[PDB]
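Participant: Chain residues, written in single-letter form:
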Amino acid sequence: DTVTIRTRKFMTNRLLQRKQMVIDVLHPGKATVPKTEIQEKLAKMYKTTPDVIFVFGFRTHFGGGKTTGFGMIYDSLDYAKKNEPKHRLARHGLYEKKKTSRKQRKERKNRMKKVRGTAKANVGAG
Amino acid sequence: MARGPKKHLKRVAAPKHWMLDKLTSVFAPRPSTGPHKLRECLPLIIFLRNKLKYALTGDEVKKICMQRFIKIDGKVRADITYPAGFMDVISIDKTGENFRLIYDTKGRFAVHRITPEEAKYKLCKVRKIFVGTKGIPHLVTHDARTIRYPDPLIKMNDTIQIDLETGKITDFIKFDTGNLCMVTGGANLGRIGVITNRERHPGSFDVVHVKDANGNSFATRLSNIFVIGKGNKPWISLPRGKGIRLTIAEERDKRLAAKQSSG
Amino acid sequence: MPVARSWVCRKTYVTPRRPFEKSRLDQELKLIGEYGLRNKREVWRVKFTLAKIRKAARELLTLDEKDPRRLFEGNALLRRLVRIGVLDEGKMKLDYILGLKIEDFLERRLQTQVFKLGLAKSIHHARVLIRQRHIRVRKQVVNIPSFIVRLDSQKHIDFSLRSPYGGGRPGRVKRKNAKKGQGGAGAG
RNA sequence: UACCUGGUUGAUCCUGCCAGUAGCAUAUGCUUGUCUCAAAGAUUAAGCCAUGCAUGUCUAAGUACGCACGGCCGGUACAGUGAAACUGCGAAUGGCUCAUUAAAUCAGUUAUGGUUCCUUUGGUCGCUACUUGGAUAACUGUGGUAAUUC
RNA sequence: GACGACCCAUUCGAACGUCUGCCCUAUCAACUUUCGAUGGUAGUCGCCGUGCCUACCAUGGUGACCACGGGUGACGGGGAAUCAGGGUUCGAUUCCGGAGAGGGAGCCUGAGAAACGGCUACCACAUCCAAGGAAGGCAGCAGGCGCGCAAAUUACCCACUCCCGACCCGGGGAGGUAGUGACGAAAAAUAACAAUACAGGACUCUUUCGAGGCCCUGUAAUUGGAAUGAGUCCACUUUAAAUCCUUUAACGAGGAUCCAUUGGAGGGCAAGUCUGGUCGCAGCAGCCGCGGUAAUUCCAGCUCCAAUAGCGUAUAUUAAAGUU
RNA sequence: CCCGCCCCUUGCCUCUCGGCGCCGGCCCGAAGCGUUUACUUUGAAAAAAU
Ligand SMILES: [Mg+2]
Ligand SMILES: [Mg+2]
Ligand SMILES: [Mg+2]
Ligand SMILES: [Mg+2]
Ligand SMILES: [Mg+2]
Ligand SMILES: [Mg+2]
Ligand SMILES: [Mg+2]
Ligand SMILES: [Mg+2]
Ligand SMILES: [Mg+2]
Ligand SMILES: [Mg+2]
Ligand SMILES: [Mg+2]
Ligand SMILES: [Mg+2]
Ligand SMILES: [Mg+2]
Ligand SMILES: [Mg+2]
Ligand SMILES: [Mg+2]
Ligand SMILES: [Mg+2]
Ligand SMILES: [Mg+2]
Ligand SMILES: [Mg+2]
Ligand SMILES: [Mg+2]
Ligand SMILES: [Mg+2]
Ligand SMILES: [Mg+2]
Ligand SMILES: [Mg+2]
Ligand SMILES: [Mg+2]
Ligand SMILES: [Mg+2]
Ligand SMILES: [Mg+2]
Ligand SMILES: [Mg+2]
Ligand SMILES: [Mg+2]
Ligand SMILES: [Mg+2]
Ligand SMILES: [Mg+2]
Ligand SMILES: [Mg+2]
Ligand SMILES: [Mg+2]
Ligand SMILES: [Mg+2]
Ligand SMILES: [Mg+2]
Ligand SMILES: [Mg+2]
Ligand SMILES: [Mg+2]
Ligand SMILES: [Mg+2]
Ligand SMILES: [Mg+2]
Ligand SMILES: [Mg+2]
Ligand SMILES: [Mg+2]
Ligand SMILES: [Mg+2]
Ligand SMILES: [Mg+2]
Ligand SMILES: [Mg+2]
Ligand SMILES: [Mg+2]
Ligand SMILES: [Mg+2]
Ligand SMILES: [Mg+2]
Ligand SMILES: [Mg+2]
Ligand SMILES: [Mg+2]
Ligand SMILES: [Mg+2]
Ligand SMILES: [Mg+2]
Ligand SMILES: [Mg+2]
Ligand SMILES: [Mg+2]
Ligand SMILES: [Mg+2]
Ligand SMILES: [Mg+2]
Ligand SMILES: [Mg+2]
Ligand SMILES: [Mg+2]
Ligand SMILES: [Mg+2]
Ligand SMILES: [Mg+2]
Ligand SMILES: [Mg+2]
Ligand SMILES: [Mg+2]
Ligand SMILES: [Mg+2]
Ligand SMILES: [Mg+2]
Ligand SMILES: [Mg+2]
Ligand SMILES: [Mg+2]
Ligand SMILES: [Mg+2]
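First to last, the protein sequences are chains a, G and L.
Residues are numbered in PDB author numbering as their position in the first sequence, beginning at 1, plus a constant of 2.
The letter at position 107 of the second sequence is residue 107 when you use PDB author numbering, and the numbering goes up by one with no holes.
The letter at position 27 of the third sequence is residue 27 when you use PDB author numbering, and the numbering goes up by one with no holes.
You may find that some hints are simply not true.
Said to hold, decoys possible - Straight-line Cα separation of at most 16 Å, EDC-like style, residue types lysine to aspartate or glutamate; simulated pairs:
hint, chain 1, residue 1, chain 2, residue 2
1, a, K88, G, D59
2, L, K116, L, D158
3, G, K62, a, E86
4, a, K21, G, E60
If you are wondering where the hints come from, they were derived from the structure by calculation, not from laboratory data.
My request is simple: use the sequences and hints to build the entire structure.
Facilitator: Take a look at the structure:
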C-alpha cells in the first residue's frame, strides 16, 4: 500500500501513564486517512491494542501527500479513562453528554434563586 | 477601579524571560504569593508544559501536581502557580530526576539536571541580621527563610549552604575580594567571575566590579551579586558554557561550525 | 475587549509621484512584457524590496569600518543576497550592493526559471503552468508564480508527480474524449 | 527619489498667492470571482432603556434524625449517597467608557529612619478537664396583604 | 495530616513625599489672608509625616525666567501618519496609570470600598396599584428608541488562556467559536498552445524584379486537441459540536459565455484638429477656459488612454512650503 | 602622538590599624581629596507589545 506511519519526538511520560509522539502519514493519491485506520497501525507498531490509543490534530499539507498529528498510547484502559479530556473519550464512545443548552441551565438557576428551604418544583416539576 | 489587590496577569505584560508566545490567549499564569518576587519567579505551571513538555494543557499540569509527584525543596507542593526561583531544587520522584534553577547566560532560566547526591543542599544569600527577644540572633535569606542561632561571623551579603531536611546552615562563604560570584540582575544577568572590587557611595547603591575567565569585566550593583564559590571553584554545579556571555560575532561562528541544524 | 490577535501588518509597495510620465510608463510596460506580470503593482513590489535593501546598505556604508554592528549586519546582508543569486561571491562587499538593478530580483522568480530552465514554451505559458499546479520544487507542489528560487534550490524544479505532463492520469479533457470513442462512437 | 507644473502681460523679468500633484483616515457613489488575516455606536446625546444573561462555591478532614434514595441489622461517636439550611470564603479582581481634570493626572528618579498589609513562604507556640452553657435555621403546623428574592 | 491563632519577617501591594518635565491666551499684571493665606509653639484627629483642624503668636508666600484668572471638539504615557537633515500633526481605542456608574451627598461590612450587579436621603426621570403601598439605574454582553454624514446577532460553548471557591469534580457574555463586514493589509483567476492564410525583419539566391527562407507580431477562418479552477458534490479531516481552508472520488469551458469596472481624451496630464445632435441655450470646467448654426472641452456612437478586483467625490491632516 | 626627568608630573600629607618585601631597622599600596560648575567619553540602572 501507499499509507505509512513514521513517529517523531517520542517521549515516555510516566507522570501520566502514557507515551506520546508525533505521527507522519505518507499517503499520496488518496484522501486523508480515517483516524480508526491510523490507530490500528500504531497498535501493530507498538504491539498493544487499538483501545489504549488516542490520536488528534492531523492537518494535511498543501499539494497532498503528508499529514502530521499528535498521538498518545496509554498503559491501562482506566488510566486513559482518568487522564483523558472527556470529549476525546466521547469520540469513540466511552462517555456521553447531557443537558441540552446553556440557556436552560442558566435560567433554571435564576428561577431557583428566588425561593428558600426547598427549590422543589423548579427542578422536580421543571 | 482598583480598590484592592489585583489577581490576573495579562500575557503581554508578563515577564519576558518566561518566553511566552503571543497568540494563545490574553492571560498569563500570574504566580501566586510566595517567597520569590513576581518578576524573578518561575511558576510551576510554566516549568512542566513549556519546558519539560510533560503536560500539554493547564488541566494536565493540575492533574500531574495533584498526585503529589513534584517536590520543591523536599516539601510536596500542590499549587501549580507556585513561585519557584533562583536556588530552588525541583525533584520528580516517579521519574528519578532532579533540577536546579540557575540563570542561563542570555538571562533566563534553563533546565539543569543535577546528580541526586547533590540535590540535598541549596545556597542562600543573607539579607538581614537582627537580635530577637531574650538576645537570640536571627537570619533572613533571599527566599524568606528564618534561621535562629547562626554563627556569629556570618554577615550580610554572605552565602550559606543549608540542608533541605533541617535548615541549620552548614558552610558559609564570605563576601570579599577574590571569591566567585554569579550576577542576578539587570544587564549582566547569569555571568560569573571573581568580585575583584567594591566601591561604596554612602547612602546610594554601592557598585561592584567582576572579571570573567576571559578578561571581560562588568560592573553591577551590590544588591545583585550572589556569591557561589570560595574562589575559582564554584560549589554548586554549573550549566554548559558557565556564564561566559560570548558576543554575537562568536555565537554565529559556533552555530556555523557545529552546523547544529539537526541531530 | 482584550483579544488574542496580531494586528501587525504592512504595505509592500509605493505608488509613483508623477502619475502620467512617459519615461516611466514606457519602461514599466517594457518590464511587464518581458517577464509577463499582471499589474504595475507587481513591479512596484520589486522596486520596494530593492529600494529598502539600498537603505540598509547605505546606512551601513556610512558607519565606520571595523564597527561591530556594521560588520555583523553586512556579513548578514551579503549572505542573504548571495543565497538567492542576486550577487556574486566574487564581490561580497557593501559598495557593490549599490550596483544592483531591479531586473535581478525579477530574474529569480519561479515563472522566469520555469521558462529559462526549459519546461515551458514562453514566459506566459510558464505562468499558466505554475498556477495550474503542474510544477514541484523539492518533494513539494507550488502554486505561486512570484516564488523566489534560492540558489541551491535551482536544479530541483520539475513536473509534479500527479500531473499529466509526466506520470499522471490524463486530465478531464483527454478522458472525456477517449470516452467519446466508447460512449459516443461505439454505441452513441 | 534632497523634484515641481498651470494662472496677472501686447510681450519680458519678479514678488505673490490660488490650482494641480503624492500619502493618510472618516463618510459616501458605482462595481465585485477566489483565498489568508481583521477594525467595527469614539466623534452628536457621560441621552433614555422592553426581555434574557453577565458571581458563585464541598473535601478523607465545620454542622446530616429530610424515608429523598439506601444494605443484610445493627447507629451500641455513627455506614453510605445526600436535597435544604446554619457556618466559612469570594463578591474590592475582571469588563465598559473618557464626562471631569493643565504642576493636577502621568513619566523617568528616588524615600518611608514617617505608615498599613487578607493570603502564601519561614520562624514563634509551658505563667467538668475522660470535656461546661442557652438558642436558633432547615423540618412540622397556623397565617396576612392586590402586590416584592415581603 | 486538615483547621484556627498572637507577634516577627517575607510576598502581592497600597499610601504619602523629593528632583526635572505641558497646549493656547496680556482684549488676564499683580495675586494670596481668621471665610488658613506662608511660618513658630502646644495639642485634636489620623494607619503614619503634615494648617490636616483648633488656641495663642509673628506678617508672611508667589510674579516679566509669565504668578493669578480664562479657553481646550484636553483623560497622561508606551505609541501612529508623513518624513533628505531639521520638523509638523495625531494618541476615545486591546499594554500601563487615573477617574466615573443619571447629578451631588452620607455610611454599613471587611485585610481591602467612600463600593453602586451594596444600603440610606435630596434633585431629575420612570414603572406597578385594589390609591393603602411597593419597586429602579445596560458608560458589562446581545437588543430597542433617539441623535446624526457616521458604527454588526436579543446565536454557540467552557474544549483552549486564566481567575474564583470548602475545591483533581462546580462557575465564568472574562475568554474562545461562528454570523454580519469593499475600515484596512498579504497572495492572486477572467486564456495557454499549434496548424493555415495574410503582415514584417535579419539571411540566401537572382544585375534587379522576383523566389527560397529562419525569427516575431498581430489578424481571419475555422478549427485542432490538450490544460485547469469558479461551481455542483460522496467520504475523510477539522472542532466542545459544527462551519472554513487544506486532502480526495463523480460531474463541470469554445468565447454570442463560466461576459471587469471606474473615471477621462484643449492645457497642467497619458489619450481623437472622427461622425451625428445643440446654438452664449442645455451644460461642462478643482485652475486657465469651452457653447452666439462649421464645438479637438456640452449630449451620444465609434476609437483611444490610466489604474485594475477596484476606481471617483466631500472633508481633517502631512510632504510640496526656503509660503513660519 | 602608557613612565619619569630641567622647577612639577596622579599633589601631598601622617599616620594608624590591619597584609605585601629584605636582612628589629628601613622601604610602597590604601584614609583625607585636590577651588566649583557646564562640556565630552565610559559604566550602572532603566516593562512588554510597536
Ligand atoms: Mg478594575
Ligand atoms: Mg468607583
Ligand atoms: Mg495564581
Ligand atoms: Mg497687474
Ligand atoms: Mg493675455
Ligand atoms: Mg492645493
Ligand atoms: Mg489615487
Ligand atoms: Mg477567522
Ligand atoms: Mg483602525
Ligand atoms: Mg456615546
Ligand atoms: Mg433588566
Ligand atoms: Mg459528603
Ligand atoms: Mg458523613
Ligand atoms: Mg452562605
Ligand atoms: Mg471577603
Ligand atoms: Mg462596546
Ligand atoms: Mg473627577
Ligand atoms: Mg488653568
Ligand atoms: Mg481651568
Ligand atoms: Mg510635580
Ligand atoms: Mg512611577
Ligand atoms: Mg512621581
Ligand atoms: Mg483565602
Ligand atoms: Mg504561618
Ligand atoms: Mg505648628
Ligand atoms: Mg503638630
Ligand atoms: Mg503682602
Ligand atoms: Mg513680596
Ligand atoms: Mg492658572
Ligand atoms: Mg491628548
Ligand atoms: Mg474632555
Ligand atoms: Mg524622520
Ligand atoms: Mg490613550
Ligand atoms: Mg470625546
Ligand atoms: Mg469603544
Ligand atoms: Mg485602562
Ligand atoms: Mg504607580
Ligand atoms: Mg446613561
Ligand atoms: Mg473579608
Ligand atoms: Mg457611590
Ligand atoms: Mg462593579
Ligand atoms: Mg440594590
Ligand atoms: Mg432605592
Ligand atoms: Mg449595570
Ligand atoms: Mg450594550
Ligand atoms: Mg437615521
Ligand atoms: Mg463605517
Ligand atoms: Mg444608525
Ligand atoms: Mg476553562
Ligand atoms: Mg469545570
Ligand atoms: Mg466576548
Ligand atoms: Mg482591500
Ligand atoms: Mg467573469
Ligand atoms: Mg477551491
Ligand atoms: Mg464530530
Ligand atoms: Mg468608458
Ligand atoms: Mg467629461
Ligand atoms: Mg466625446
Ligand atoms: Mg487635460
Ligand atoms: Mg498629451
Ligand atoms: Mg444646424
Ligand atoms: Mg455642428
Ligand atoms: Mg461636431
Ligand atoms: Mg504642510
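Participant: Would you mind marking each hint as holding or not holding in the structure?
Facilitator: Structure-based check of each hint:
1. For the hint pairing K88(a) with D59(G), the CA-to-CA distance comes to about 12 Å; that is within 16 Å, so the pair holds.
2. Taking the CA atoms of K116(L) and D158(L), the gap is about 13 Å. The hint holds against a cut of 16 Å.
3. With a C-alpha separation of about 13 Å, the suggested pairing of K62(G) with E86(a) holds against the 16 Å cut-off.
4. Restraint check for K21(a) and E60(G): satisfied, since their Cα atoms lie roughly 14 Å apart, inside the 16 Å limit.
Taken one by one, the earlier hints all hold for this structure without exception.
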